[PDB]
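One chain of protein is taken out of this complex; the other chains stay put.
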Amino acid sequence: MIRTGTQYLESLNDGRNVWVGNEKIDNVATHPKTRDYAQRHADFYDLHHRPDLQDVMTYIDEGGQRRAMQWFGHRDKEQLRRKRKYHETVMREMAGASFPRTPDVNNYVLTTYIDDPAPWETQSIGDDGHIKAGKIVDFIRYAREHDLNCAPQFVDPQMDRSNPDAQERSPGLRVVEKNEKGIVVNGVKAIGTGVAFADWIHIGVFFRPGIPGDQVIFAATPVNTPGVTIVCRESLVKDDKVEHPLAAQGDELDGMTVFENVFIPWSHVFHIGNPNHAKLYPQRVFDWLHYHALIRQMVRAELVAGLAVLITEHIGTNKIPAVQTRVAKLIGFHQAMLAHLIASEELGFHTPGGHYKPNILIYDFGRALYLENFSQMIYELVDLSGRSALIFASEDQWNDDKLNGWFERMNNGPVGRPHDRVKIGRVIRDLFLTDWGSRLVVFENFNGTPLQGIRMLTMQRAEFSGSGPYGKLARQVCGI
Amino acid sequence: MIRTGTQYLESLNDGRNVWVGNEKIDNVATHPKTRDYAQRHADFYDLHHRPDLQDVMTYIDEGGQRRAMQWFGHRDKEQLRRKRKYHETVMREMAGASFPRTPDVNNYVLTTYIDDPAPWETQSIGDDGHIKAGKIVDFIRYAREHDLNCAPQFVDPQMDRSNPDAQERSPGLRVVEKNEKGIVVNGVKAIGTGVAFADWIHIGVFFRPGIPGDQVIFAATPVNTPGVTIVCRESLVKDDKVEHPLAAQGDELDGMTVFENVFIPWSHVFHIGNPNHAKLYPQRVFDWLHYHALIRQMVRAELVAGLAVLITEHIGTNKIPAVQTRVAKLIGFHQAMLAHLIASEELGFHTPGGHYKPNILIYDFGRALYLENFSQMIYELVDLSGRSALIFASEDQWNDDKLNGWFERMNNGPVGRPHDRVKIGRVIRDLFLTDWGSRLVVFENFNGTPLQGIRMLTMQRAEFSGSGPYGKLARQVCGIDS
Amino acid sequence: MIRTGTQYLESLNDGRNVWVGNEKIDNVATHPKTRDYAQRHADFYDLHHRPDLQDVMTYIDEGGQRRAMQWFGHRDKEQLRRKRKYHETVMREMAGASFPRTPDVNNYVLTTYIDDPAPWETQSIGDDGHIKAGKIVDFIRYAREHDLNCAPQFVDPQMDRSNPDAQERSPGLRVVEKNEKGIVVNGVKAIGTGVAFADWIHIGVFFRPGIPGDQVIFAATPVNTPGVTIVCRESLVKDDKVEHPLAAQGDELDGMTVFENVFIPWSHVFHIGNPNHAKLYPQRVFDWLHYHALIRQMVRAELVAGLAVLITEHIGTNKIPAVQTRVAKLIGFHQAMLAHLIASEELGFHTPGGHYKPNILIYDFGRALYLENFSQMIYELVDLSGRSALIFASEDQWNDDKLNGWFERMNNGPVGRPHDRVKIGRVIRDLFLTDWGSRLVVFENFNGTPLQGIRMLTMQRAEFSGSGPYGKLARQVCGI
Partner (left out) sequence: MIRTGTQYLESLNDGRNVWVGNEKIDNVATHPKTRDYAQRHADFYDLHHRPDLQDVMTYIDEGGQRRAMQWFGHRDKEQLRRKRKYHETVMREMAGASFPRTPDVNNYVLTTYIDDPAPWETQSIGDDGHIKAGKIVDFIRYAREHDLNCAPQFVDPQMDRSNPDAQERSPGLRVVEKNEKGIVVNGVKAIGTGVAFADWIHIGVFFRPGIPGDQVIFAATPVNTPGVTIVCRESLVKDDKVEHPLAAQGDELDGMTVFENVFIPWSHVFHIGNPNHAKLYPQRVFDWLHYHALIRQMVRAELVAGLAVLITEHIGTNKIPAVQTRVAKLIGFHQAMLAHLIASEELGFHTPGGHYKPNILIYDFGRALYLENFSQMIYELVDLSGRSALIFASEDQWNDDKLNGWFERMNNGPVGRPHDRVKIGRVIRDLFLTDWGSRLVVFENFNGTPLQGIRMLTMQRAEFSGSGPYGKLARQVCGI
């Protein structure tokens, strides 16, 4: 049976060691700084039990068990679109894609292991044959069985970008002890999203020139593993849900994980020791976060275009021709994201293990296109609003016997409903003019590497050549 | 048979009255200023007789007749993809999409009439029951039977944009007589591409506020109709095909058409008199040419990105990290044009007559995306080339006993083949640094309306509202009633 | 003598009727939500008593009295640059232009009345000869004598932009009674910055098609005038000045002003009744704010560029060639703002009253250049920082016995000083990733009209003609 939100909230009180800013958290489920986002994860579990949402949110496995669609493997295009429809519905149900690391996103990358588990084993170095491909699949099947949230921590510390030789002093997680039972790791996974809210840490690494084998670690450990400390930025959750209808729903915390001589049994180790394996295989893990990112980009673009339509109608600028072509840019951006999502699904291919994967070039350049344009799209939405994005009644001002009459008249545009402008303003302010909204903009910018990173890695991986089928047309037109 | 290139060249010498700059043209087929682009249209006809392309270029109709795919109707997605592959093959064969108004593009717009002819008739005003839906279909079948090129002239004179009342004085084509046999028209179809190379003129209008009813004319007349004069800009064809391998292939002339009391029989009149009809129906005619524009935008973006890969490889900048992220911009643009074309095909719908149409929002916003970015993408290609885009040996300089050794060494980059940098330069120069090239850029910018018009017209036609689909998620998030 | 901060804070306890969000404010000088920005105005007054700053902050008037430079009139280029060095020093001393409506800015616009007071009187309609030019000059000499902060409220309600016929239903402030003693005004000045912190409201209006005579009001009244209510957005001030060294310094509130049958004596009315007068004259009042905006833009661009130099040096990206050209964008933007400032001062002209005014075209197109670019410049600073702009230790995380050694290694870039990355993070985050910093971005975007309005008003006022000296070069090249 599928986990409930109540079971998830109970499970959070497991002794995990967690800083949120200056404070220690006794219980992530109940602490003021964490309880609203924890309840957003609780809401995610409870969506799967809804009889009205069952056909979208669940599937019947070959054994006849109803399971959550976060565990659904896609082997053709129809099945990919069914998975995409699930992810899309989850983000619409949760404050218009305002919580981008729900468990469905975290656990999606596990499919790279399921698809082709052998290389993780065969390419391992210094494990003395202890790592079994069979044991990776058994862990992922365990996660599925208990609807466990595995939060992915791969990225390096941002220590010193001047040196290629600065991966020896780096506090990056290292294997300090290999024995008969497992590994002992010491150091830091420098960055992760929502680990304080997860069940297990999915530990990984990306290749950087000169990475030592003792820092090449793929594994899983519980969030309450002795020697694990979760260290998070201050919570940006807001007290008043009337003034802050989105930001009061909770803050998806980011931070680092300190490992103090942490023991991981070989059963929960996926791969150690091979920098060459860390070149391509970790990209294949993160490809699924990258495809999902496009589903989010389409939904964010749709929300932004909708808010521009609502605000320009409510202040009455929507028929001004020069405003009409500015709304067109925000609508065209949404259509562009939609087009990349649909085309990447059309031009997909089968992986080694028979999973259907969307076209890498289309979704990854679709991500570059979003990051290139998104700050300008935020500028357009806010600029189109005028003052209505920020200078609007608080609720007790609106309802005051003296002020009400003035506010109703000041907000009386062509689609009447004066208070609706305050509702639009609250959402624009929360999304784009609060620390809470700013974190999400920063998250979109970095989580999948920033623009100059997406372009570089996309070119390195594609290995585009004048002699390859790109330059076919150019060579023919040139007489070459 | 399908018409041949040589039949086309013979057909051109039909007494049509043609200016090309300061010169009159005796025979468009043979005149130095026109014969090259005439030969590109002959090449287009001859692609349909190439045995290795038979399956891409022709189909068998329900009567067992092999015909040019330019006449093929698409009723599902599979059929639309076979028509797109035909258009794409034509532009790839024809100098990397350097000739955007070959007959397959011109004739594509006629499918709107074939799909739903009746409203052209029913909505006409003042024709006294003479216009017949069946006669529109009969003309379009006659064009198909003879593989005739119907060049579309719709757009108004650019006279005075200050006030709609100024259209009182507009020299735009007007009905000046209606009789039992047909109409007489007098004035100008102010702008058209390739009319000097076509068989028939396809006349129409777009609504602009205060367009006079006497200027709402949809019809067809031969290019050599008595009273018609074709008046074209100067030809930009280049003499030396070694130095200009693209611009020596000919210049797709644009210009205006003068109609002096031209008689058109009712049989060749599709619609008169109704400004309301000219709002939605002409946009449905040009939908097919906007979809085709997406195919051209993909192929052109592919060419630019390819040229950027070739020149950065040859001068040896391609592994410099800063240059690599700039080439990724050009490749990403191509991938975005690819995404819009595929997505528009996937999200299409059936027209009232059962034709499958690609998604209007996607191809039109894709066109807007292209016009917004293309100037910057040409800058990038030229800027990535450095001096190699412009400052290179002429062929006699290259082959000189004294200069060859210096040129060979000056062009000796990581992929050897020194003379190849000149081959790449020639193409970059022709496309983006000659009059011939700039005309194509200006064509792409204006032919399907410019960026601000694309945006205006797409919004007006779509009428997106807070209470429609674009408001649903925002209304939910804001807690606003549906 | 020149007002002190202590006198200012004492003067706020005057009965003024003030909302800040859902709360009524007992005393703007002492209330938790207002006291910090009130102390920022007190610091402003105190800067004029600092002996090392006397030459820059004060001048000796013809009477031999020392006065604040906010009262200095400039009749030549040298005098303009001396005024500009004062404004520049104020915003540098006050958190790098983080408080853009200090009294020196508010009061700057009064110079337009001083330069040529008569037309305000003579072009008035319906005042029965009660309005006197000498009284306008007397009010402004009174503000000077007492160092009074006159907050300008001119802009209309954002009610309904669909209609030029909106002006009929406008809750905009209107004259409801005229008698022998003065006018009674009823309705709203819909938007103003810092009015809760000012002494007087400078009332005025901009022309709009069909503006009725009864809404053409230029006047001044105390903030504590009976029937005046100040209604402000919620305060964005932060409690912890270690985590938030800028946002803890106070929030420059924006809001509206309600007038309920408010009496203004004729002596404090500058002009009523003439729509035509409201076309060009209000633009001449606000010219001084537009010139001043170029000084702030320069200082803001210099801060952004410097923050980019500091963070790229500290994370070790400053010598990566592709980062060096990005940093060059931010520096070039600063030089562009400096270039417009200096050029506006060089190409100035004398007004009717003999004041020296900088080049309108250079400073207004300068403001347009700033709003076209600033969003992308912030995107660039944040993007250049990577995670360091958001994910950094709180102070108690930093100093913890366990986490300190990890934090010090993770922040050990090429210029040592690990903790300085947290220092730089905190400023980037206050400025562009908090509620507080976002208000300043929105203020900059709208206070002097947004980009499309700057362009439209500049073109409308300039009346550029093909036949004018503008197009002479084009005419000669064309042979027209």
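Annotations for the structure displayed:
Each chain carries a letter (A, B and C) given by its place in the written order, and its residues are counted from 1.
Following the convention adopted for this analysis, a residue touches a chain if its C-beta (ideal position, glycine included) is under 8 Å from a C-beta of that chain, and two chains touch if they have at least 3 such contacts.
From the set B:53, B:176, B:248 or B:320, the residue in touch with the chain omitted from the display is B:320, counting the whole complex. Touching the chain that is not shown, out of B:133, B:176, B:248 or B:433: B:433 (per the contact rule at the top).
Screening C:2, C:53 or C:339 against the full complex identifies C:339 as the residue touching the chain left out. Seen from subunit A, the chain kept out of the figure touches residues 321-322, 325.
By the touch rule set out above, subunit C reaches the unshown chain at residues 92, 95-96, 245-246, 299, 302-303, 305-307, 309-310, 313-314, 321, 324-325, 327-329, 331-332, 335-336, 338-344, 346-347, 361-362, 365-366, 368-369, 415, 417, 420, 423-424, 426-427, 452, 455-456, 458-460, 464-466, 470-480.
Residues of subunit B in touch with the missing chain: 19, 21-22, 157-163, 166, 169-171, 187-188, 190-191, 229, 231, 233-234, 243, 254-256, 258, 260, 315-320, 322, 375-376, 378-379, 382-383, 386-397, 402-403, 406, 409-414, 432-435, 438-439, 442, 445-446, 450-452.
Simple rule for what comes next: only the chains that are shown with their structure count from here on.
Averaged Cα coordinates give subunit A a centre that lies 43 Å from the centre of subunit B. Separating the centre of subunit A from that of subunit C, both taken as means of CA atoms, is a distance of 39 Å. Those residues of subunit C in touch with two or more other chains are numbered 322.
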